[PDB]
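In structure tokens, the next block holds one chain alone, the form solved without its partner chain.
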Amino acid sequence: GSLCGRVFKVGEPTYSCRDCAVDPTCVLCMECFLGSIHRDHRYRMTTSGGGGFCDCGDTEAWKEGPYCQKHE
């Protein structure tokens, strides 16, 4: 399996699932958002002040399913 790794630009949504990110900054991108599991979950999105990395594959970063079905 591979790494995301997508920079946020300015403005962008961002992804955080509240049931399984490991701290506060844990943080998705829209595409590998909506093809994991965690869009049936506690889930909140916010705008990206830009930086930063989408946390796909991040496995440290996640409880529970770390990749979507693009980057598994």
The other form holds:
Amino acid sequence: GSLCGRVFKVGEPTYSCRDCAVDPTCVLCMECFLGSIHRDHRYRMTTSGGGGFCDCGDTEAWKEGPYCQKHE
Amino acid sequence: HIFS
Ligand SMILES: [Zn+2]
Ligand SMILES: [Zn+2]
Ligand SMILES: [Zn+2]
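Since the one above is the form solved without its partner chain, can you give the form deposited with its partner chain bound too?
So here's everything in the complex, that chain up top.
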């Protein structure tokens, strides 16, 4: 497996999963989100003001589905 | 992670 680590741009949508996130600050970039199991879950979008980073691949941030199709 |  691998980590995404993408740092978000100003105005960029970010996605948490209300079902799987360990904390509400755990998020995925749109590419990882759309490649993840969480696209079928109760997701929550927060817009980045510039900064923050994608937690795809962080096995401590997600109760299930820590990776997306791209990073698995 | 992100923080508003
Ligand atoms: Zn990502
Ligand atoms: Zn990913
Ligand atoms: Zn989920």
